[PDB]
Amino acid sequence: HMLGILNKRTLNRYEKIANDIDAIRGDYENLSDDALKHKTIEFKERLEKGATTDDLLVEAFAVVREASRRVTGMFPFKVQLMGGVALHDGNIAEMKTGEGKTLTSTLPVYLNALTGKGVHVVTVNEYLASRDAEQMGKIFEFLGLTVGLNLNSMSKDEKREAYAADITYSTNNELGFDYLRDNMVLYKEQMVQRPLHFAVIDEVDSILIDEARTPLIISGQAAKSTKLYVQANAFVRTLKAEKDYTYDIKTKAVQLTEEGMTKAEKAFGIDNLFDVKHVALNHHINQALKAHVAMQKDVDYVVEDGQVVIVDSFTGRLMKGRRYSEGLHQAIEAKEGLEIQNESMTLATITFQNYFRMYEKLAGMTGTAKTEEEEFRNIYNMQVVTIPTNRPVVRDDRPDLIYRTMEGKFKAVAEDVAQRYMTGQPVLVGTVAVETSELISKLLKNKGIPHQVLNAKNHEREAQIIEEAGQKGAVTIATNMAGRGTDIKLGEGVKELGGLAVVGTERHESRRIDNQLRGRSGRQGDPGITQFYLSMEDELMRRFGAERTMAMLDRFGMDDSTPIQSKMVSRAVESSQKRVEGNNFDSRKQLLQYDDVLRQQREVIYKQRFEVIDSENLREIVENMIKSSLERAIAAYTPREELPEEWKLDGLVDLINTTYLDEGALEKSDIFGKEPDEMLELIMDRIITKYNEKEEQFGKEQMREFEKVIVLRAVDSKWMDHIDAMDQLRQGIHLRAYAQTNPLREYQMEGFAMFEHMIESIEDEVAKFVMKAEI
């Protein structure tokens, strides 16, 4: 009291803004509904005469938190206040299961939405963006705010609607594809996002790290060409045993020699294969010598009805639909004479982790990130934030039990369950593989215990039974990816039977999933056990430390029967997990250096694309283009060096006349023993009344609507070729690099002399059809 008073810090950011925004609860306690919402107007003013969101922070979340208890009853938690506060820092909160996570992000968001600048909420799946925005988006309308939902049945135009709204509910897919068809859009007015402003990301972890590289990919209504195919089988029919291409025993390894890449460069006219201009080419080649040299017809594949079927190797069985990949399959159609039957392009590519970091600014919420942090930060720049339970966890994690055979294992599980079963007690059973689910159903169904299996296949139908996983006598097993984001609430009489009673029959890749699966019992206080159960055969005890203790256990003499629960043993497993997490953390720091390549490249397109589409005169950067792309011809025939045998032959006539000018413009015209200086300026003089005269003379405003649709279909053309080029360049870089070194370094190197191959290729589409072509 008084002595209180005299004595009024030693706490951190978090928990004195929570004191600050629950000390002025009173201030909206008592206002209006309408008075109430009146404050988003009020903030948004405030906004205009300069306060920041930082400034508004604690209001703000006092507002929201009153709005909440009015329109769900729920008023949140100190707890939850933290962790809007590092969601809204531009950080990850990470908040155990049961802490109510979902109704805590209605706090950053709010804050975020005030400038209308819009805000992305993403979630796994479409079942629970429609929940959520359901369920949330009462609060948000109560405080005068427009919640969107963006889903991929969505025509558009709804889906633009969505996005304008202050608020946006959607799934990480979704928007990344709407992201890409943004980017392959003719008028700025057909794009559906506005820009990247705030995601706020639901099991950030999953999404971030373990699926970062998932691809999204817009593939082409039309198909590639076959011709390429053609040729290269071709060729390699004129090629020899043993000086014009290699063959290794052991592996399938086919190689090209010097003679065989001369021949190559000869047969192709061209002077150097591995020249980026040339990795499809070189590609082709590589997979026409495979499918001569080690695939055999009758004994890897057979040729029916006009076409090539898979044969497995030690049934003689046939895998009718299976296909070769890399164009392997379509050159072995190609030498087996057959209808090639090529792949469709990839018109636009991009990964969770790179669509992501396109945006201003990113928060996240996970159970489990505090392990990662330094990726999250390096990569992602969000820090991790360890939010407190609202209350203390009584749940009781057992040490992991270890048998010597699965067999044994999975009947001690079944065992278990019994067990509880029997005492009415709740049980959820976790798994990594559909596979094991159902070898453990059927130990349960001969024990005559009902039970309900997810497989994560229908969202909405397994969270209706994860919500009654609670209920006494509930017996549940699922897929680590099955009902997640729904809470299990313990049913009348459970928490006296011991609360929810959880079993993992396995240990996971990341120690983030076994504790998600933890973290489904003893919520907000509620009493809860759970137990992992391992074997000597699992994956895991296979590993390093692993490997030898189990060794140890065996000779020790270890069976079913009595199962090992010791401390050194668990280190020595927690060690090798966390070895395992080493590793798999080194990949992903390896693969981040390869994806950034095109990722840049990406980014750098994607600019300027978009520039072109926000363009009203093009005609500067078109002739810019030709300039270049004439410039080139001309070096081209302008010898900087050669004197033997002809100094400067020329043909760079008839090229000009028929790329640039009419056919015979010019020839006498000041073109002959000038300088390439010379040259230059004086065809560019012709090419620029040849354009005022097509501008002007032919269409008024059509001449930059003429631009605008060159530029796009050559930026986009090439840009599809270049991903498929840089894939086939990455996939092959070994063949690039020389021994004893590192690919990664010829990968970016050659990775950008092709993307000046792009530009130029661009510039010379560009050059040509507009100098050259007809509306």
The other form holds:
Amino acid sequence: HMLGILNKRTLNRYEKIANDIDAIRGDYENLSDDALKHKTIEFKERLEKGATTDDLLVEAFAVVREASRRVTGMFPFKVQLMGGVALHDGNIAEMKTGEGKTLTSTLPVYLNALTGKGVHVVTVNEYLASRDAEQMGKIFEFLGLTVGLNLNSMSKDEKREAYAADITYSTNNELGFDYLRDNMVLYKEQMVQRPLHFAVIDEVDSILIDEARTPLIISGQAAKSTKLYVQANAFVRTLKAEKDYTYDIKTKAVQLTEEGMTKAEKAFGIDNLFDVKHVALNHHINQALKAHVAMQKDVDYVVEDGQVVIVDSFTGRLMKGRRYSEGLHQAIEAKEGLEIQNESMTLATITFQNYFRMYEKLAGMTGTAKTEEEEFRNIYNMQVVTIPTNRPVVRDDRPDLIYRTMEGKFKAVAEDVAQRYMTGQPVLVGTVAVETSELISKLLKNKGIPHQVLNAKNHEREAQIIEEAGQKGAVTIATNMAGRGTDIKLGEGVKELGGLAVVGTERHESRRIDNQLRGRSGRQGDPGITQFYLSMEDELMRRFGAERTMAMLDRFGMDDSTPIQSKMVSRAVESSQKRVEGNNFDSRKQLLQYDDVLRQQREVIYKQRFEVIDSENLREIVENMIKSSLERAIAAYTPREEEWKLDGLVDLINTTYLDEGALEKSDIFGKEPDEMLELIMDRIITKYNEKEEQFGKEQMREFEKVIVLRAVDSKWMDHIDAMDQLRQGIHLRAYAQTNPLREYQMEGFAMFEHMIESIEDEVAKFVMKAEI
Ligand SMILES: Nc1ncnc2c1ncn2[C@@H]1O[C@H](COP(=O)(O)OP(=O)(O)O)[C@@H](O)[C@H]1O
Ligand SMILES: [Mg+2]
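Could I have the structure of this protein in the form deposited with ligand ADP bound, to go alongside the form deposited without ligand ADP above?
Zooming out: every chain and molecule, the one shown earlier first.
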């Protein structure tokens, strides 16, 4: 009291703001709905003036806090206020399961949605994206803000509409795919997305760590060409057994030698086969080579009804649907003289990781992120902020139990479930593979135990099931990816029984996953036990140290009859687990480097491309591309060092820029390249001014606008593909000791040069020649 007011801080940034917001809690306590709502208009004014989101934060969150209470009945605990603050800072709020992560997000979503730039709230699947949007939207609309739901089944129009709302719920995939499409548009107005302001990712460690490199692809409705496969195969019939190519015994590895390499360079009329401009050609020869030397007909595959069918080596049984990849199937189709069925071509591509970084602001939530903090900082520049639970966790996380054989471990799981089932306490068996869920289910049916099995198939159907897993008698086998996001509240008479008993069947590659399973119990403060069963036979127990240890236990005489539960053991296991998590981080880190090569290239091209679409006049640009294109032509024929500059370039110009027979005797001969370039450029300019004004002015700007886009997109496609072929075969271009990364960066840079020149020569011919 008085002794207190006189004393009045060792509180952190979040404990504070949470208290401030709690203080001004009555200044909205009795306000009126219309008045509470008008608060938005107010915040918007102040922001218009000069205030910042940080400024209004304390009040904004107070508004939402009251708003919720009225609209939902829930008054945002103080822990939750701290979470919102963390999110607003562009960081990761780590709130254990059950803490109210969803509601927690409405705080910073609202705040960052006032400037009118839109805010994306991302989820794992449309069910959750639709539920949240549906439930939380009721709060935002209350404070006069429009919530939009962006789904896969929506039309370019209806999408654009939701991407226009203040807030927009969606899923990682849709957001990604829309982005690729907005980047294939012909008219700036065909896009759906607004600049990527700020995204708030739920289940963020799953989206940015686990599914980070998930590829989002837009393939081509049309097909690829087949001419090269033929040429490549025809060529391979030329070569000989040893001085033309090598063939490894153990591995089916096949390589070309200097002779074949020269015979190839000779055969296809090219200086360098390793030249980045011929990556596709070199790749085709390696498959056509593989198809003739490492794939035997009637043993590796068969030819039936004009096709190539993969024979399962030992079972002699055909695998009717599948093909070989990286064009090896087309290589064999060519060899066997069959109809070459070509693959479709990728037109646009991007990973979740490289898509989310296009944003201006990012924030995420998950109950499990601390372990990956470092990665989050370096890649997404986000920090993990651990928000304290609303109530103290009283859940009894018993130490791992180890059996000798899987059968033993699984029998134990059933025994346990049974015992708990008899008392009537709920049980939720966590699993990692659906195959495993079924293993236990069969075991529970042999005991007469009624249960449910979730395999992340139908999310809504499963969500409902889960919601009833806290009820007395319930028994649920859920596969790691099932039920995510649905709170299991305890049924009447359940805490009195011990709360939810969680039973883990294996430790996952990442402790995070094990902790997510643990977290389903001990919700707000509810009682509950978690227990993991493992066997010496599990995948992890055969790893690093785990081996040595289990080796010793085996020699010690351990049986299924009696499990092991030692702090020395359980910690030696924990030691491996960390090591596994170590290397997995090292790999990710390495792959980040390769992924970046194409990433930076894509960001550049898209930017340049958007500029084209968002440009009214394009002639200066096209002219430049022609200049460059041309300078290259002349340089091709004017060796800066039997003959001193032969000439044919003439017909190369009359056939590529001017018209047939427009020049030859004109200023070309003995001259200097420096000269020939400007002379021929004028001819071109009048030739363009002519076509320009003479055949259609506005029609020229659009004649251009199209000819360029098609040029970019066309070459990008080729690039994405050659860039892939290069990566796949970069160990072939790198030397023994050398690290391929460098070689990939270098050639990857060299190919981009190639791709710009290719874009240039195309937009050069087409513009100066063809008519609309
Ligand atoms: N401030 C609150 N007051 C009362 N209940 C809340 C509050 N915040 C969240 N909840 C409840 O917590 C449960 C789980 O919420 P959820 O947002 O899904 O959190 P999480 O994602 O961590 O599990 C829901 O039943 C939700 O209604
Ligand atoms: Mg959630």
